[PDB]
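S.K.: Each chain, written out:
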Amino acid sequence: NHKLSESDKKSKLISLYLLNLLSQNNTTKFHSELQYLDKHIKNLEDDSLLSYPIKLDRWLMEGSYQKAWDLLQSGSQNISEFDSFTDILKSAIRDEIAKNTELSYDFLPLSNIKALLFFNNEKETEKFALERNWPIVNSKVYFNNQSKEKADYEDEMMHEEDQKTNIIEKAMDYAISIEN
Amino acid sequence: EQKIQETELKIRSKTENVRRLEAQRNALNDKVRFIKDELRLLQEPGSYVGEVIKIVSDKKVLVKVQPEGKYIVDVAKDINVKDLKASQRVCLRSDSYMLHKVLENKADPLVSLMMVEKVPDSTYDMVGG
Amino acid sequence: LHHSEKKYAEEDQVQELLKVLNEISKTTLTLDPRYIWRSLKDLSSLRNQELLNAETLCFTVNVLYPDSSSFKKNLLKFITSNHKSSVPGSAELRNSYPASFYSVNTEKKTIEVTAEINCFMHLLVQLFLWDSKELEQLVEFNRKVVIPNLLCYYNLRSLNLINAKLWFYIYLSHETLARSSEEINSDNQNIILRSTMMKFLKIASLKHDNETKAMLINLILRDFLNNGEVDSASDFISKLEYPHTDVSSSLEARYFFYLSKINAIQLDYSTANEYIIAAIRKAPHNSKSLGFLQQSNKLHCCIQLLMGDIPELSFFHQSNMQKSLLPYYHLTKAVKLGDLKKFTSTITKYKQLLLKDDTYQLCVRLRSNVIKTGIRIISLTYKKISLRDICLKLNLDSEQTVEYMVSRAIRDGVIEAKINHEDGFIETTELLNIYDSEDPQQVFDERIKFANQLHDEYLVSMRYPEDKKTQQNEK
Amino acid sequence: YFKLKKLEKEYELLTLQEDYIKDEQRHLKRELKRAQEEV
Amino acid sequence: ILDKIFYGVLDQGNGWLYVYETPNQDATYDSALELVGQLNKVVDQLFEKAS
Amino acid sequence: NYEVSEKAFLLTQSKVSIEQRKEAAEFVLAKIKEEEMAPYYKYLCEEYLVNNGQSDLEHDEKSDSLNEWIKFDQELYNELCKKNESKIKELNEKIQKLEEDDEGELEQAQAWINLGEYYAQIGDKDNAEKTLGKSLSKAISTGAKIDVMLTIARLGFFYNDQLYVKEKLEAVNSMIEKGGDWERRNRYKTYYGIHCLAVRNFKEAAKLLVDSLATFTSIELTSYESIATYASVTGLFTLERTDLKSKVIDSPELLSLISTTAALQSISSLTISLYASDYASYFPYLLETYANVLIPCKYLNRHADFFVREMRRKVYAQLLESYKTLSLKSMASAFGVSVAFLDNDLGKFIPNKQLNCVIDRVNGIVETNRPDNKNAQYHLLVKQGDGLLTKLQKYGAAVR
Amino acid sequence: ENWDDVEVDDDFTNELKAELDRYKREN
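Protein chains in written order, with the UniProt record's numbering: chain A, 93 to 272; chain B, 24 to 152; chain C, 18 to 492; chain D, 48 to 86; chain E, 381 to 431; chain F, 23 to 422; chain G, 62 to 88.
Hints in this document: simulated from the structure, not taken from any laboratory.
Cβ coordinates follow ideal geometry from the N, Cα and C atoms, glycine included.
Be aware that a few hints might be false.
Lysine-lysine pairs mimicking DSS-like chemistry, simulated, CA-CA at most 30 Å apart [to be verified]:
#1 C/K359 to A/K131
#2 C/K182 to F/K416
#3 C/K340 to F/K416
#4 B/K26 to C/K359
#5 F/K413 to C/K299
#6 F/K225 to C/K299
#7 D/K53 to B/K33
#8 C/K485 to F/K416
#9 A/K256 to F/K396
#10 F/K225 to E/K421
#11 D/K50 to B/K26
#12 F/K225 to C/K305
#13 C/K278 to F/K413
#14 C/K219 to D/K76
#15 B/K77 to B/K59
#16 E/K429 to C/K485
#17 A/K131 to C/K94
#18 E/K384 to F/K336
#19 A/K262 to C/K256
#20 C/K43 to D/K52
Estimated spans, in silico, between C-beta atoms of each pair [as the list claims (entries may be wrong)]:
#21 C/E491 to B/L32: 45 to 53 Å
#22 D/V86 to B/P68: 48 to 56 Å
#23 A/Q238 to C/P301: 51 to 59 Å
#24 C/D462 to A/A184: 34 to 42 Å
#25 C/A132 to D/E57: 49 to 57 Å
#26 D/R73 to A/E261: 24 to 32 Å
#27 F/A419 to C/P457: 27 to 35 Å
#28 C/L343 to F/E80: 45 to 53 Å
#29 A/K240 to B/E29: 27 to 35 Å
#30 C/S478 to D/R73: 21 to 29 Å
Pulled out of the complex, with its shape left as it was, chain A reads as follows:
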C-alpha cells in the first residue's frame, strides 16, 4: 500500500497492460491484476481509464457486441494513445463470430454477415472468407463445419482414434488390481 504515488500516466499505463493481455487472448493473468491493485474499488469504478478495459472483457464473455464494439471504434478514450490496441482487439470479435457461424449456421447470406462483422465494403467480407477457407455461393456463404486432426491434448482422453479399445483394456485391469 503506497498512497504517495499518483499521476495521470499511472492509471494510463495500467490500462494499457490490461489491453495487452486481452490482445494476446490470455484470460489467466488478465483476471489476476484486476482484483489486486492499490485500490480495486474506487479506481476501477469512478476512473474511466481503468474501467474502460473492464467493460470490454465483461461484455465479451456476456455476448453483447453492440455496445462493446462501439467503445473500440467510436469510443472517446481510444482515440489518441489507446488506438494501438484497436488493430488487434477489434480483430478478436470478428474471429469469435467467424467461429460461431461454423456450427450453429449451415449457410447465411453475404448481406447479413457484412453487418454482423461491421464491414463497410463487400471486398473485406470475401477476403476474410478466403483466409478462413469458406466456400462462396451466390449471395451466400457456406460452412461445412470442418474440424482439425483429433482434438486438444492429453493422449488417450478424447484425443486419439479408437477410444473404445482402451476402455475395454482398462476395464479388464480392475480384476487384477483386486488380487493385488
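Mind docking chains B, C, D, E, F and G on chain A? Use the hints.
M.R.: Same frame as chain A, now just chains B, C, D, E, F and G:
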C-alpha cells in the same frame, strides 16, 4: 550423512511391510496348519452323552447314558464336583471314559406331562364384566 | 498467598514436560509427543488465565536460561509489573536429580540440556501473548529472535515439530498488526517475512516432515492472496510437496480451500468444484471449526453460479447458518429468473457484506451469468422457438444482441443448438439418446477406480494400530 | 560411521523378510486350496 | 391410453396414430435403485454401531 | 377438541370467507370458559403475532376480523384457576388414599392417569408428559400403555411436535409383539398418517388415509369429514388412475359423503374432472376447492398454492399422452385456456423436466417429447450413487 | 424444503378467475 538421513524414512516404511503382512501370513498359515492337523482329531473316537445324577468325595461322578447304562467316571483335573449337580447334561469322553465339560441343564418339563407357564399374558383388562 | 500459587501451576507444567522428555530420549518416537501437544494448546490456554502470569516466571528460573533471562523482563515491562521479590535464585525445584536437570553437570557445560529446553521455551511465550493480545514492539521483538535460533539448530526429526506450531503465530501476529493500523513499516516488514518462509520450507524438504510442510503451505498460499501475486501460487502448487499421509484433517481442509480460490480466476471450475467439496468433508463439524465451514460454504455457492448451472437450493434453508447466506439466496434467484433490474439492486445493498470476504468482485462477473443461464433455461423448454419471442420474455434490446449470445455459449458446449435464419427459429441439436454412444462408459471407469482406491486405502491403516499389541506383554 | 552402515544392512534384512512373506503368503493360497479339499 | 389398456399416442393436427407402445427393461434402474436404497440403510447402521 | 384447534386456526390467516371468523371467535371464547384450560386463552396473543387478518386489536388497527378483541385479562384467568385448584384438591384426596392403599399396579398407575388427564386439561404440556411417564411403567398391560400415547398425541397435534410424539408413536407399535390388536392398528394408522401430512411423505399417506378401516371418528382429536378431506387431497398424488376408480370414486365410504357434507365437494368435482381429463371443468373447481379445503385445514394452508401447482401438473400429463401434435388455439376455444398465459403456466415445469410438452412458437402448435427412456432412468442412479459415496468417504475417514 | 416448495409462485392467484371472464366476454 546426506544419504543416511534420506533413508531414515525406510525405517518405519519397511516395518509396516513386515509386521502387517506377518499377522496376515500367520493367521493364514495357522488356518492351513489346523486343517492339516484335523485328521488326528477326526480319528478320535469321540465322546458319549450322559446326565449327572450324584457325586461323591472321591471325585467320581455318576453319568447316566440314555442308550447305554450308567457309568461312574472321574471329573477332569481342570474342574471339580462343586459345579456339578443333579439333572445336568454333560459330555462323557469315550476312549478315557471321563468327564469333559458341562453342556446344558435339564429342561423345565419333567416326567410324563408337565405344564410350565411363567408370567402369562392374561390381565384384568382382558376380562370384562 | 502468591507463593503457593506459583508452585501449583509449575508442577503441572513439569509433569507434562517429563512425559515428552523421556519419550524422545529413547530412540526416536515422534508419535507420542505429538498427541500430547494437541491437548497442550487447550490446557495451557485455560491455565494462563488462572494464577495470573506468575506460572511462567519460575519456569525460566528453574531451567538454565540460554537466551531467556532478558526476554521475560521485556514481557513483564509492558504490563507495569510490581515487585513481588520474584528475582531468580529463590525457588529451586532441581535439587540434584537426574530427571530434574542435574545442576552441577549443567553448570560445568559437560552436557547440553539446551536442545529440549530452549526449543520448548519459545513455545510457551507465544501462547501467553495470544491470550493477552499484545502487539507492536512485542511482536517484532519475537520475530527477530526466533529466526536465528531456528537456523542455529540442526532441526532433527523431533525438533521439526516443536516450531511447527510457532510459524502459525508468526504470520497471525503480523496480519493482526497490519489490519489494526497501517504504516510504512508494515510493508517493509512483510518483505523479510516472505523470505523467511521460503528458506525454512526448502530445508524441511530434506527432512520430509509431514506436519511441518502442512503448516507452511497453508500460510504461504494465504500470503500470495493478500500480497496479490498469482504467478507465485501457480508454480508453487505445481511441485506437490504436500504429503497426504500423516497430516491432520484440519490441515487438509485448509489446503483444498486455497485451490478453489486459485482456480476460480483461471476459468476452470471442473477441478475447483471438487476441492471445495472435499474441504468440507475433511473439516470437523465442531464449534471451533465453524469459522472455516462458514467461509467455505460461502465460496461453494459462488462457484456453482459461475458454472452456469443452478445448484441445489435445499442447502440454504436446511442449514442453520442461513443468516449469513441471505445475500447469496437472492443472487441465485436473480440468475435463475433472469431479471436484469433485480440483480443490479441485489449487489448494491449487500455490497457492504460482500466486501469483507472479497466475493463482490466475483458478483460483478455474475452479471453475464444472469443472461447465459436464462438462455440455457429457455433453450431446454422448447426445441423450436422464434427469435423475436426470446427478446420478449427476457426484455432484451433487439434481435442482433441475442444472436451473438446464443452462439457464444455453444463454444463450450453449453446450449448445444443451431440458429436457422432462413427458417426463423432456433432448433436444438440435442436429441439425447446417448445410450448408443460410448460417453457414459468413460464415466463408469472412473467410478470403479474410486472403489479400488478406497480398498487400497483400507489396507493402508488396518494392522498398524495393532502392531504394538503383540510386542507388549499381555495377559 | 560404524552405526551408519548398520542401518543399510538393516534394510537388507527387512527386504529379505518382506520378499519372503509376500512369496510365502501367496504360496499358502495354493496350499490352502489343497488342504481344504484333501481333508 | 390413460387407463393403460393399450399404450398409444394420437395426433390431433394430422389425425393419425403414431407408434408409441414399447416394452420396459428390468435389472437396470428399478432393480438398481431399490438395491442402493436398501444399502443406504446399511451404511447408516454401520456408523451407528461403530461408536 | 377438534373444533378447538380448527376455529383457532381460522382466526390465524383467512383470505376467503371472513364470516367464518365470527363463528370461530365466538366458539373459542365460549369453549375456554366452559373448560378448565387457563393458558389457551392467553396463547391467542402470541400465536396470532405477525399474521394476515389479525384477530387482536390493541396497538394494531389493521385487524380485519369481525371479533377484534382476543385480549387476555385477569377476570377470566382467576375464574379458571379456581376450577383448577378445586379439582386438584379432589384428585389429591383420592391419590392420597391410593398411596396409602397401593392395590396392584393398576391403582398406582390410575393415580397418574387421572393426573395425565388433569395436567392435559389445565394447559400443561411438559408437566403432563412427566406424569404420563410414571403411569407408563406402572401399567399392567398394553391397554394402559396406549392410553398414555393418546394424551401425547393430543398435546402433539396442537403444538406440532414431530419428535417426542413420533418417538413414542413407534414405541407402542414395536414393544414386544405387535399382533392384530385393533388399538395398536386403527389408532396408529390414523395418527402416523397425520404425521406423514406435515412432512408430506405421500408414500404412506395414500394407504393410511384414503384407505381407512371404517370411520375412525374418535371425536377427540380429528373428525370423520376431516379424514375424508385429506383423502381426496392426498389421493391425487400416489394413487394412479387405476386406484381412482376403485378406492376413490367407487369407494363405499365416499358414496354417502356427497349427500351428507356438501361443503367439501373434493370427491366429486375434482375426481370426475380428472377421470374424464376435461380441463374445461377442472379449472374452475381449483379455486373453489382451494378456498373451502386447503385454507381452513391446518395441515394444508401452511403450503396452499404449492398444491395448486402440483394438482395442475396432474392434468397436464393427462392431456399430453392423448395427442402428439396439437394447435394452441384448439384447447383455447374448447378447454377454456388463455394462449397468452399458457406459456407462463407451463414454464414452471418443462425447464425443470417435470413435463415433456414442447410448444412451437412459429406455427403455435404443441408437440410431445419422449416420456421415458433408459437414459433418464440412469440419471437417478448417478445422484443416488454419488450421494451414497459421500457417506462412505465421510464415515470412513472419521474413524481412524 | 426449498425451491418452489416454499416460494411457489406468488402471482396469478386471484387472476385465474379473470381468465374465464375474458373467455366468456371477448367471445
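S.K.: Does each hint hold? Answer for all of them.
M.R.: Hints, one by one, checked against the model:
1. C/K359 to A/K131: OK: C/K359 and A/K131 at ~28 Å, within 30 Å.
2. C/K182 to F/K416: Given pair C/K182, F/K416 holds - Cα atoms ~27 Å apart, limit 30 Å.
3. C/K340 to F/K416: Answer holds: C/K340 to F/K416 is near 26 Å, not above 30 Å.
4. B/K26 to C/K359: Distance of about 66 Å is beyond 30 Å: violated.
5. F/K413 to C/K299: Holds: F/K413 and C/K299 sit about 12 Å apart, inside 30 Å.
6. F/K225 to C/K299: Violated, at roughly 36 Å.
7. D/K53 to B/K33: OK: D/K53 and B/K33 at ~14 Å, within 30 Å.
8. C/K485 to F/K416: Cα-Cα ~27 Å, so holds.
9. A/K256 to F/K396: holds, 21 Å
10. F/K225 to E/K421: Judged against 30 Å, a Cα distance of about 18 Å means the pair holds.
11. D/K50 to B/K26: holds, 14 Å
12. F/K225 to C/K305: It is violated: about 40 Å lies between the C-alpha atoms, which goes past 30 Å.
13. C/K278 to F/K413: holds, 25 Å
14. C/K219 to D/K76: Given that 30 Å is the threshold and the Cα spacing comes to 47 Å, the pair is violated.
15. B/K77 to B/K59: violated, 41 Å
16. E/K429 to C/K485: holds, 25 Å
17. A/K131 to C/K94: violated, 40 Å
18. E/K384 to F/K336: The given pair, whose Cα atoms are some 16 Å apart, holds under the 30 Å limit.
19. A/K262 to C/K256: holds, 28 Å
20. C/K43 to D/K52: holds, 21 Å
21. C/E491 to B/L32: 45 to 53 Å: Distance hint for C/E491, B/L32 is violated at roughly 30 Å.
22. D/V86 to B/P68: 48 to 56 Å: For D/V86 and B/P68 the Cβ distance comes to about 19 Å; the hint is violated.
23. A/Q238 to C/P301: 51 to 59 Å: holds, 55 Å
24. C/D462 to A/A184: 34 to 42 Å: holds, 39 Å
25. C/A132 to D/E57: 49 to 57 Å: violated, 26 Å
26. D/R73 to A/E261: 24 to 32 Å: Given a distance of about 25 Å, which is inside 24 to 32 Å, the answer is holds.
27. F/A419 to C/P457: 27 to 35 Å: holds, 29 Å
28. C/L343 to F/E80: 45 to 53 Å: Cβ of C/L343 to Cβ of F/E80: about 31 Å, so the range 45 to 53 Å is violated.
29. A/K240 to B/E29: 27 to 35 Å: violated, 47 Å
30. C/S478 to D/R73: 21 to 29 Å: holds, 22 Å
Hints 4, 6, 12, 14, 15, 17, 21, 22, 25, 28, 29 from the list above are not met by this structure, while the remaining hints are.
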